[PDB]
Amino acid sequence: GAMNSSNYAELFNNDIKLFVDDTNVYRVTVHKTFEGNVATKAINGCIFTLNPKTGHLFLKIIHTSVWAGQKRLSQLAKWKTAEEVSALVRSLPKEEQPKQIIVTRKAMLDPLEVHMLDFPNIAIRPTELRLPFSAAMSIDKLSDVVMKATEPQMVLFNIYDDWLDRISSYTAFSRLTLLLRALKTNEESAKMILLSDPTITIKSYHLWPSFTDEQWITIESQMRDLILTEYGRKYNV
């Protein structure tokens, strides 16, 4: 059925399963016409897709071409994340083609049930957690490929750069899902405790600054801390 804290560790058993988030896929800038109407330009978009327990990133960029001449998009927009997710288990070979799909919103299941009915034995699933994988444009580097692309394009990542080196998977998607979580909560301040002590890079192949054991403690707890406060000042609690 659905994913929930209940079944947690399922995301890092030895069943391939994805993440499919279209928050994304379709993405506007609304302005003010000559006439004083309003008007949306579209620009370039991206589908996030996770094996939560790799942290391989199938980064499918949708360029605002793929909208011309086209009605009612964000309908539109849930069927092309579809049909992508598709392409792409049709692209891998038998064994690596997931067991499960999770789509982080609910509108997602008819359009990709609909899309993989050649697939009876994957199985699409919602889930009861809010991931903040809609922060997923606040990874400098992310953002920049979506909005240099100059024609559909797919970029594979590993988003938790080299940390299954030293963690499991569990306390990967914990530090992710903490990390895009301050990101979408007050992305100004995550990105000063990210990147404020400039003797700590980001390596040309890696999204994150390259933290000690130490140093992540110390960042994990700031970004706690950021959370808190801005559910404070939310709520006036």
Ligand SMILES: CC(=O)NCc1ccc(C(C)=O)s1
The other form holds:
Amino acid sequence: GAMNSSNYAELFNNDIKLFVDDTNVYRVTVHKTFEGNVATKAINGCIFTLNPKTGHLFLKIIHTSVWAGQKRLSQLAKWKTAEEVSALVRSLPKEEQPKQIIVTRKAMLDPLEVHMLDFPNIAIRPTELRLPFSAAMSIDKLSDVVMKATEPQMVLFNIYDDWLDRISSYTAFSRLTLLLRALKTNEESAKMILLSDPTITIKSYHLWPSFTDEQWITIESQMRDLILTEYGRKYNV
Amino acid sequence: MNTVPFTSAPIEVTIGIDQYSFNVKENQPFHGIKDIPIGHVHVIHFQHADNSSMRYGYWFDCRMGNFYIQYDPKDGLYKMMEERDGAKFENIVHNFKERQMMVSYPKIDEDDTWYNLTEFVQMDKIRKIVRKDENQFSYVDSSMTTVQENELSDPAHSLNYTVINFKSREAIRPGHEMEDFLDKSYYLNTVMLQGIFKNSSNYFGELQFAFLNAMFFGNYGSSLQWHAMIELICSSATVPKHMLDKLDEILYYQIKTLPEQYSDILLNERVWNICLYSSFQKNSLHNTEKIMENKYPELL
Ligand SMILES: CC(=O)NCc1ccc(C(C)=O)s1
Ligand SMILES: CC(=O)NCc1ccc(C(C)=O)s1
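Having seen the form deposited without this ligand, can you show the form deposited with this ligand bound?
Let's see the whole complex now, leading with the same chain.
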């Protein structure tokens, strides 16, 4: 059934699984028309499909042209997400396909189940975890490739850079979720933390800075402080 | 008018005949039911006084033979049987009427209820859903499961209902996943109506058969089937106009006939609110929505 705290380690076993987050598929700016009505302008988005064990993010970029002439776009977006995930699985060799796909929003279950009826053996699951994957567009390099896109495109990123050479996937996932949670709670503060030291660079090909093990501890602690911080500032504690 | 005689009534039992029912006491001198309207299918059903577990009964059509009821003390139930010796049957029936040992099927002459509940039900088609071809009548009881329920265990004792499954390859065309799931007209009209049933009468007959078995026997899988066949129509944007008008009448008389105190277990809140208030057909079932709202506004 659903994925939660009790069965957290399942994400790092050796059954190939993917998380799908659809929260950045359909994105709009809302603006005033000349007549003073409100209208939306869609901007490019992406599907966030992540193998948590290996770090691979199959980022499918959703170009705004896919919404042209379509109605009910928030509902279409969940079905478009499902169609692209289905296409991805089908593109992959049988031995590389998800044994499970975990959707971060329950509204994706029926769209995905319906698009994956050809794959009765892939479990489509929800999760009770509040995962921060919506903050993926606060990763500069991911945001750039989405906004620059002029056509549908899929770009694979390792979201863990080279961390798995030094830490486990459990730990790399925990780092990733703390970074994203921080970025989601205060993007300016979070980014300041990540980049305050110009000597630690992001190697062109990676998403995050080349922190040493001890620098990550520091970074991770500061991200915690931030999330505690904004929590007070939010609730006054 | 036809007759279903009883050999005897050795055990105290509540006897149903269509939507009517009466108590018979252990060894009370009861020899059956007379004046049964020809032209309709009928069901004669039973609930023992000592074990209200297992309602059971027989669908039958008096035009298909001479049928009687005889308690079997080994199997412990009232069994329907066919009498092939037609003169023996006429002789038996006549004696029991003369001694007035039969109850009369008590139809009010204004009352089209039974017709309106069985307009599309046909005993020969009943034999297709309950398979036991050596008898012309069909046995159903509370516990019988459906073919679909058995996919999700004795196939001989199953209700072979048409498989309806909205998240199935049959229901969903490649490339129209969203369209076919949100508007089931393809599944209703092409897969089901054109493909399996052939016509809406057949669709209506299975839907009617499912309801009556749910109501008379509290057969759960039948209730699932009845609700599924409703929801398939209500969730289709493109339904022939005459089918919608007929559905409204079917459901109206079903809701009208349902026991007031059984509505909590026979009526699916989700399906009915969806069908009446959110579905493509939310405006098309005027009679049904009006009787539902005045009789079971709790459910909604
Ligand atoms: C679903 C899944 O994780 N499949 C395994 C991979 C397929 C392609 C990959 C790369 C490295 O491009 S990883
Ligand atoms: C044949 C089948 O499976 N469905 C169509 C039906 C028409 C009438 C039926 C009953 C039971 O009277 S069933």
